[PDB]
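Chemist: Below, each chain spelled out in residue letters.
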Amino acid sequence: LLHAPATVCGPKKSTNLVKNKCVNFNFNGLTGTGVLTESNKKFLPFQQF
Amino acid sequence: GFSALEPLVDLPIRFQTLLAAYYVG
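Chains S and H are the protein sequences, given in the same order. In this text, residue positions in the first sequence follow the working numbering: the first is 20, and each later residue adds one. In this text, residue positions in the second sequence follow the working numbering: the first is 12, and each later residue adds one.
Read the hints as simulated data drawn from the structure, not as lab findings. Even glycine gets a Cβ: it sits at the ideal position worked out from N, Cα and C. Hints are supplied without guarantee of correctness; some may be wrong.
So, partial list: chain H residues that the calculated Cβ filter (under 8 Å) puts toward chain S [claimed, not checked]: (1) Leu16; (2) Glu17; (3) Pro18.
Listed next, with one range per pair, are the computed distances between beta-carbon atoms [stated by the list, open to error]: (4) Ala15/H - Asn59/S: 16 to 24 Å; (5) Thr34/S - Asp21/H: 26 to 34 Å; (6) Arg25/H - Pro24/S: 25 to 33 Å; (7) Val37/S - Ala31/H: 51 to 59 Å; (8) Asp21/H - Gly29/S: 17 to 25 Å.
Bound conformation, chain S alone:
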């Protein structure tokens, strides 16, 4: 537990996408509760949130 901050990634247990209901989402770091609707806003290739 020294030298560089090494990341060992982790397990990848992904589930199906939720269309329209209040669910608990874990979007690879973001935790909360809400409805995951479709979007019209356009992101950038380096922007994640």
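Fit chain H to the known structure of chain S by using the hints.
Modeler: Only chain H this time, still in chain S's reference frame:
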């Protein structure tokens, strides 16, 4: 002119150059 600099690559871990008219900031 104004131009924002997008991230290229983040690499997890005396200045010289080779081939001019280059600047250094």
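Chemist: Could you run down the list of hints and mark each one as holding or not?
Modeler: Hint check results:
| no. | hint | verdict |
| --- | --- | --- |
| 1 | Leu16 | violated, 11 Å |
| 2 | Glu17 | holds, 6 Å |
| 3 | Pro18 | holds, 5 Å |
| 4 | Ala15/H - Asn59/S: 16 to 24 Å | holds, 23 Å |
| 5 | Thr34/S - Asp21/H: 26 to 34 Å | holds, 29 Å |
| 6 | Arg25/H - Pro24/S: 25 to 33 Å | holds, 27 Å |
| 7 | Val37/S - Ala31/H: 51 to 59 Å | holds, 56 Å |
| 8 | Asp21/H - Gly29/S: 17 to 25 Å | holds, 19 Å |
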